[PDB]
Structure formats: C-alpha cells, structure tokens
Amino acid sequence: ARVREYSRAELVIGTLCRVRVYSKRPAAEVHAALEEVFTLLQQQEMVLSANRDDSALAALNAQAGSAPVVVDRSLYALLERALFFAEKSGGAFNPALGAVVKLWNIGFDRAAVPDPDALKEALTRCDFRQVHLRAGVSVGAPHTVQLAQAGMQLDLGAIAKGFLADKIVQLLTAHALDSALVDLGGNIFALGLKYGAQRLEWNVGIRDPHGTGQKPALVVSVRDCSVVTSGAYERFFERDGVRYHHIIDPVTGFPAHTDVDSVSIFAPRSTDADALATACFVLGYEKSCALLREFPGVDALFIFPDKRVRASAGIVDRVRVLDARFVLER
C-alpha cells in the first residue's frame, strides 16, 4: 500500500486553517476525516467566538451579573483550563479580559486608542476569580458557568486556537491518522512524524518578528508537539507614530511592553502552549523562565530585539538558524 499526502485549507474562525496529512489509508477515509475537521471548525466558531452575536460565548456574556448558565462539557473544560493558567500566570493570561479587549477591538477598526477612563473602568470588570465553574456530581448533571462580577465578559481569543488544534488532533486520531501538520492561523500542531519510507520530524519555521513573514528566521524539528508563537506583529495598528499591538497587559490595560520580540511555546497540548505563549509575552523573559519551571514538560524559544535567540534545553538542539542575522545562544 502506498503513502499519499493530502492537504486542505479554508478561511474559518477568522483565519486561514490548513491541515496536511500523510497516510496509507484509503483516500476516501482521509477525505472523510478532513471533511470533519473543517465541519468541526465551523461548528466551533459558533461556540467560542467573542465577536459574533450568535455564539454560545456571546449568550454567556449576555448573562454577566446574573444566574449560572449551562454549557457543553467541552466549553466547560476549556474554561477550567483557562482559569488554571490565569491563576498560574498571575493574571498575565486572563480569559475575563473581554471588557478591555472590546474597547481595543473598536480601536483597531477606528485607528484610535481608547479613553483612559473607559479603560480604567473596563479594568474593574476583568476579575477572572469571579468566574464560577460548577458541575454536579450526579449522573448526567449539567455543567454551568456563572459570571459573578457585573459587566464582566469572557474572551477566549488567546487560547481558542490551541483548544481547536487539540480537538482536531483528537479527531484525526479517531480516524486512524497518525501523521499530520495542523496550522490554524499560525498555531501549529505536529502530529507524529512526516515521511521522506523514512519517517522524519516535522520542521516548523518561526518568523523574523520584524519580517514580512515570507521566510522563517529559524526552524525547529518536532514530533507530537504544538508550536505557538506570540509577537506584536500578529495584529496591530498605528496612530501618531505609535504601534498598538493586540497582546494586552492586564495591569495597564494597554499593549504589553516587554523585553522580547516573540516567544514560541512547545507543548504536548496546544491549549497549554497558546495560553503560555500569551502569558510569557506579557511577563517578559525572566518572569517567563520562572513560570515555565512550573511546567517541566514544556519548552520555549525567545527572540530578542537584538536578534539573539534563547531556547530551553528540551529543544535547543533541534533549532536551526536560517537567517544568519539571528544568533542562537547555547
């Protein structure tokens, strides 16, 4: 039986999602799996989206400062994980930052920075500790979420792609696929090994933080690993000479000022990589290193504004510089 390579890509969840698969299974089986991948991505846009009126998350937010709302097991589990990372990161990653994000989101659409007072007011409504998750223990008991703080709003944008990537990996596995590369707007999951009959690690590129992105600065070889990168270039606007990027510091309510240009997190679960990449950007290098010691099975790669690159022990030997302006410190 012969190995075939397949790819499919669509615009969905606000970005380009592409899955590449190598498989010796009948083509019709791979096609079936890919059909389901992209159906899942469509259905989940309608669960998780913070910027759509129809979604289950928007309906949940419409009940801030009221009674508990029943949610499916999957959303509950995602929120649990998000609150865990909010606690561990000291609020650097915060899934209850919707009131602030919403102000900045109109800012982007308008090319305008939000009013100082409006932001300070929004920051009174971002206490993730007031998100109460409860699940009864009895057979078939429902899962519920209560937003106890008035006008608090969830925004799962900084963890949602990792959640979906992990869900897609579970689906691929359920379809007896064990070799794939999932790319959801740049959040990568490398499932298994690729083919050359020889089996090889997937080679994932990391962009120059200040480059068009067309070519990678560095490449890392990985198996069964997510690679998620946070940088100021993912989304920003400019007004009066200043760039305002999308990664908000929850202490200031403004885009984070940090000592790294990008951080890339390598983890067994993309959900974890996504949350950590966001926290780490906000935290900066030294505080990140401290946080990451609490997650032994995770690795990281930092690109500094002076083009120095530092990578943790788990992956440093798997990093290759492609753009010689960058230096890998060992």
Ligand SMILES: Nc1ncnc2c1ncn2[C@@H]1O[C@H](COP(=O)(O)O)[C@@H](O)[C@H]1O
Second form
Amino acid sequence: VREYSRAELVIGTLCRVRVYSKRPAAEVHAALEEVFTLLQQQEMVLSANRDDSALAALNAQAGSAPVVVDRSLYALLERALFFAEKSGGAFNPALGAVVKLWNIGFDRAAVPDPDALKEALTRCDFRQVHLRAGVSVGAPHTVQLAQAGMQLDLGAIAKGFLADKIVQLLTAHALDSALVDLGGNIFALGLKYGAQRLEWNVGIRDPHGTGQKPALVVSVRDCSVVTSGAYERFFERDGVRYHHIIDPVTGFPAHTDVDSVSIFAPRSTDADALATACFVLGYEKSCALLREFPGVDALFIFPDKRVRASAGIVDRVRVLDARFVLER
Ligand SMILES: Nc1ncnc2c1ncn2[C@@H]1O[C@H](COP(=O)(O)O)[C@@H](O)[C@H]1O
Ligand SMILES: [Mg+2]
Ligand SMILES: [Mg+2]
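Would you mind generating the form solved in complex with the ligand now that we have the form solved without the ligand?
The next block holds the full complex; its first chain is the one shown before.
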C-alpha cells in the first residue's frame, strides 16, 4: 500500500486528491494526471466568471435559439433545475443577473443599487430554462434560456458535480480509496488505511475560524460532505457584512438562523445543491425539505455554537473544539 496526493490551483480554488492504492504507482500517477486535466477542461465548460467558457456562451444566447450542449452539462442542468423546483427556488441556478451585481460589490466594496437589483430579480426565473433532448439515436441535447437577460451561475453545484466526476474517473482507474477535496467540497471514497481500514475523518470548520483547524470531525465512507456558510465569502461596508449566498426572494445575502449547513450524500452534486438551499431556507424549513431526501444526512452549526445532526450521522460526529456542543 502506498499513499499519494496531488494538489493544484484550478476552478478558482485549491483542489487536492489523496489516494491509497496497491496498484503500480504509474497507474495512480496516470489517474491523477487525468483528474487534474479534467478539472482544467471543466473550468472551461462551467465557469461563470470567465468570458470564454461554454456557460458564458450559453448565457450570451439568452432570449434566442436553443443551444447544443454536451450530455454532461445537460445532465448537470437537469439536476440543478430539479433542486430548484424541490427547494421552491431557494437554490436557483439562474441567479446570475443578481450574483454579478453583488460580485462587483465584492471587488469594489459597494452594495448594489435598489432599482438595479430589483430589475435583476426579474431575470432569474429558472422555470424559463428549457432543456430538450430528442429520443432518437444520437439526438442532440439543447438548452434554451427563454427570458431575455437571464444568466446561469452554477457556483452552488459545480464543485459537487466535479467531485462526482472525479470519483467516477478514479473508479474507472480501479481505485477505491480516495479523499477528493475541491475547495472544501469533499468526497470520501471508500476507506482509508491506518492492513487496518478505517473511515475517513472529515473535518467541518468553525464558521468564524481562521479555517486552519476543524471544529468537528465526522467519520464517513463512500459519502460526500459539502458545507455552505455565511463566512466563506463576503465583504463588509459600513459595519455590515454581505455574504455570497443570495436569498432569491430578497435579492440580498440570505438572513438565516444557521451559520453553516453540511450535507452528507452519496452524490456530491446533490450535497452541494442541498447545502445552498438549506442555508437559504434556514433550519426548520431545511428539515422539512430534507424529509424528501431520506438518503441524505445533515449537520447544522448555529450561531450559539450548538450543533444538530441527523440520525444517520450524529453518532459519527466528534467535537474537537469544546466551545461547540453536539445536541443528541
Ligand atoms: N441561492 C442561490 N442558489 C444558487 N446559487 C447561488 C445562490 N446564491 C449564490 N449562488 C451562487 O452559488 C454560490 C454559492 O454556492 P455554495 O458555496 O455552494 O453555497 C455563490 O457564490 C454564487 O455563485
Ligand atoms: Mg452548494
Ligand atoms: Mg458549494
């Protein structure tokens, strides 16, 4: 058994993959080469903040004719629209008109204009994203953005999608033990080694920490762990903090009763979308939504440092920072 890792700056963040394998090292190296090539290629497909991505091209055709996309992107959009509908739009993959207004706020610390923001909100109806795919052999997959000026932003689901694609790639290379970490979006594949095989111990950060040390760790196998939070990306102006997760009803950063939500799911795509929806919805409505998805678990960290975890994971949680308390 040998342990490997590799990390690079790609898709706007640090992406790291750790593998344990008994295969020849040259086979592991080849798999990791392909992981990082995939991440480069997919940055060019999915990115909402590059002018030259496939998504940018799709957005440039809003209000016009349907656009041919590859089956991968079509599938991701289908899943995004599914979580949009299930979450009552709390997760909304067509929020680009609003996100881009706040985004420039980040760069130069300024809050969007009232009427400008109001206008942007009229161009975020995800029910106007029409996906069509014929049923005959080799029929193309198309996307049409019906509403003029609407803009897709898949920031709340793309890391999950890519983590799932990487797991599929690792498995294709006959690997079965890995920790995939895309800017904190984790997939724990199989079991690690201590030969003693053990669950991966996935850390969850103090929402207000310097990010160094985890506050809690959860032991998992074959599971994604994806966290959304109110302090991973924000700017401040005149004593007010404006974070990156938007409430689509208000067009402002969500005012919510949790500091972070972590979703545990067999598919990272699903964990990523649900984490964002749940953050926007807040605790009680999240619990209601999650009743719909029995195969997922959740861990909520509240502003008062209480932690609540669903029945499927609560016994797997260990508190490392004693300021936090796990309710049982
Ligand atoms: N309510 C929302 N639904 C979907 N995407 C959002 C929403 N608010 C912001 N976004 C975009 O998705 C990112 C949040 O994803 P996450 O960190 O996974 O919660 C933001 O940085 C925006 O790019
Ligand atoms: Mg998300
Ligand atoms: Mg995310």
